[PDB]
Amino acid sequence: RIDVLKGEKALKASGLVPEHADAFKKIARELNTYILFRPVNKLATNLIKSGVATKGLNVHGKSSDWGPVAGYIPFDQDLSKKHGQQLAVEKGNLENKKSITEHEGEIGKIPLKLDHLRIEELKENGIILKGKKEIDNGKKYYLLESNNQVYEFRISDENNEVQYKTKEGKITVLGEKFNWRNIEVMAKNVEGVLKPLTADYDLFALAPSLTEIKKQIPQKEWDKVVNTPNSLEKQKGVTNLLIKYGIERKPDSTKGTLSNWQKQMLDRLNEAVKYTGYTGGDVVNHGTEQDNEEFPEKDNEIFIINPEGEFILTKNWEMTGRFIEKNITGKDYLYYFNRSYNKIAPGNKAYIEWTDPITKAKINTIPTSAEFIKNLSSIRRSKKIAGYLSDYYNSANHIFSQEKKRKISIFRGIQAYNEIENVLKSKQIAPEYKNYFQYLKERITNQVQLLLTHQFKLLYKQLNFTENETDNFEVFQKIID
Amino acid sequence: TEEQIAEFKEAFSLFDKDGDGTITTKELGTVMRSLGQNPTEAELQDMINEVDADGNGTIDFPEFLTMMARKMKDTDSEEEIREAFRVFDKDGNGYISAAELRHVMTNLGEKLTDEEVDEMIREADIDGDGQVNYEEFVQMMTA
Ligand SMILES: Nc1ncnc2c1ncn2[C@@H]1O[C@@H]2COP(=O)(O)O[C@H]2[C@H]1O
Ligand SMILES: [Ca+2]
Ligand SMILES: [Yb+3]
Ligand SMILES: [Yb+3]
Ligand SMILES: [Yb+3]
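Protein chains in written order, with the deposited numbering: chain A, 292 to 673, 695 to 767, 773 to 798; chain D, 5 to 147.
Don't read these hints as lab results, they were simulated from the structure.
For each residue, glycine too, the CB sits at the ideal point set by N, CA and C.
Any given hint could turn out to be false.
[Said to hold, decoys possible] Below, simulated BS3-like cross-link-like pairs (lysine-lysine); rule was C-alpha separation at most 30 Å, straight line:
1. D:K13 with A:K541
2. A:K511 with D:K77
3. A:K456 with A:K423
4. A:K515 with D:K75
5. A:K665 with D:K21
6. A:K753 with A:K665
7. D:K115 with A:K506
8. A:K404 with A:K486
9. D:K77 with A:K665
[To be verified] Where chain D lies over chain A, by a calculated footprint (3+ residues, C-beta under 8 Å):
10. 621-627
11. 658-671
[Said to hold, decoys possible] Which stretches of chain A does chain D cover? Using the computed rule of at least three CB atoms under 8 Å from a CB of chain D, they are:
12. 492-504
13. 522-531
14. 642-649
15. 697-704
16. 715-722
17. 752-763
Chain A extracted, bound-state conformation:
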């Protein structure tokens, strides 16, 4: 059992509009694919239900979860949820500046207009309260209240446009102090008019049933690799069809980086919501989080809609990953995890951990040649062994019997354990590389000692020390049994 939130208590904690999360079960059970969403700014919910347009990829301005601009995306990203971290806010802006300029026409900005109806909404979530009556130069305003210690706001009794200034004494993240000016919000151009943007839905992942990827593969193209007379490359052709119509994700230009079963998916999800009366276009609109390698993000809660229409909500990353491990990647569904997990994401220097089965089983498997070169590569801060490794993994053993395989391999395996000793006993060159060959040893050791765990525990202080050619392999012929 896992400490997860089920039912309404989860949808409610997902931020997803309820009427939509409902339309989503439909597609989740219908396509037998789990649909996992990342969070969603809650103050953004009713705004979405209301019909507020959602930001695409040409808008990277984080929306606000506080103040009167809460829900929308303040052009001055120091009014958004990042309010405080300078380098963050600084990037927020640039990103918005790039939106307005790099997209003149499609993207712009309008003034914030909170209506008698949104004030209330904000009032209940206890975001901002309508205060006194202020009068400045012939126009009346009402100081909009907020638990904030840097800005002050108001609304016009005329057009309902909100304004804000830095409080006396206090200074902005950037070093700015200004006076009554309008809170501008990112807009989107729709039919000549400028409409305001808001949080979209962010898929954290999409996992279909393997049985589902089939329908994606042409019932032709399949029969070929299937009915292949062979039984070797026949697997390759099966795997490679899995790879093509199952994975190798590509740039859309607008949708981000997703597959084709994901692009089709996206549309199904948006058709779904549109049918519930949502006038504002797409709600889900760029590919899933597993392809977001540059700036990956770890959230503590992931809303999940399983192929049963049920609502789960992992409470922590340790959980979100334990769920997927048990219910998705181990139950016959197709799932992949962000290439930049377990690594240092480049864009944001992020370090997200995830269990990669290929690594668990590493201390018992000896590296291929290339793997050995790469290992020689990204450690070049400041020979001939690569062979005995392209020997161990000689794809041309496919004619041998396990008995033989396990032998020549146990040999080829000790073969390398040699060259990887003729060095640790040579000149001390660099303590950085020495801390590697040690690994190899322990590895090269462990694998051999695992094969022989069929037939050794010290049989090395006898076998061929230092001669060469083909006679060595002869001595081995008996050292074995």
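Using the hints, position chain D with the ligands against chain A.
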């Protein structure tokens, strides 16, 4: 990418008494083999004979580092693959097992005989431990 370049260099220090990096067409593959892709003597005579073909076919950096730019391009896999692996490996053992391959096949639509599965594992198997480790799945998927 960058790493899909920085690596290569390491090869240029394995076995060539040329000193200033200079092998030949009689030991070019000796590097590619030990590296990644594995073409035949037929796919090595016309690729090389194009970019640098003077008298003794000078082989260095701006060359090889360029040849892969088309062979190691469409097959920019390795990643597109290492994930295929994780799919068959629903156990998490790190290695693909007979069963592991059945379960995946019986779902892609092809009901595999309890015989074949055990034959696809053996052939695909290299070190002969009875199951395929990632490295083997790589090999089995390119060479
Ligand atoms: N192909 C992609 N798939 C999913 N997320 C992506 C992709 N490319 C980028 N992302 C992003 O991760 C961010 C999440 O916030 P945004 O949706 O506003 O902006 C997004 C991008 O910076
Ligand atoms: Ca094996
Ligand atoms: Yb978004
Ligand atoms: Yb997104
Ligand atoms: Yb998004």
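Hints, verified against the model:
1. With a C-alpha separation of about 29 Å, the suggested pairing of D:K13 with A:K541 holds against the 30 Å cut-off.
2. Between the alpha carbons of A:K511 and D:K77 the distance comes to roughly 27 Å, so the proposed pair stays at or under 30 Å and holds.
3. This hinted pair checks out: A:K456 and A:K423 have alpha carbons roughly 16 Å apart, not beyond 30 Å.
4. With a C-alpha separation of about 25 Å, the suggested pairing of A:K515 with D:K75 holds against the 30 Å cut-off.
5. Pair hint A:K665 plus D:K21 holds up; C-alpha atoms about 23 Å apart against a cutoff of 30 Å.
6. Under the criterion of a C-alpha separation no larger than 30 Å, the hint pairing A:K753 with A:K665 is consistent with the structure, at around 18 Å.
7. Between D:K115 and A:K506, the direct Cα distance comes to roughly 16 Å. Compliance with the 30 Å bound is thereby established for this hinted pair.
8. At most 30 Å may separate the alpha-carbon atoms for a hinted pair to count; A:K404 and A:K486 meet this at roughly 11 Å.
9. Distance check on the hinted pair: D:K77 and A:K665 sit about 18 Å apart at the alpha-carbon level, within 30 Å; holds.
10. For the region 621-627 of chain A, the stated coverage by chain D is satisfied: 6 residues place a CB nearer than 8 Å to a CB of that chain, which reaches the threshold of 3.
11. Three residues within the 8 Å Cβ limit are the bar, and the region 658-671 of chain A against chain D gives 11, so the coverage statement holds.
12. Chain D is given as covering the region 492-504 of chain A, and this holds because 4 residues of the stretch bring a CB closer than 8 Å to a CB of that chain, at least three being needed.
13. With a cut-off of 8 Å between beta carbons, the region 522-531 of chain A has 8 residues touching chain D; three or more are needed, and the interface restraint holds.
14. Under a criterion of three residues with beta carbons nearer than 8 Å to beta carbons of chain D, the stated coverage of the region 642-649 of chain A is upheld, 4 such residues being counted.
15. With a cut-off of 8 Å between beta carbons, the region 697-704 of chain A has 4 residues touching chain D; three or more are needed, and the interface restraint holds.
16. With 5 residues bearing a CB less than 8 Å from a CB of chain D, the region 715-722 of chain A meets the requirement of three and the coverage assertion stands.
17. Judged by the Cβ-Cβ criterion of 8 Å, the region 752-763 of chain A is covered by chain D as claimed, because 3 of its residues qualify and three suffice.
Violated hints: none; the structure is consistent with every hint.
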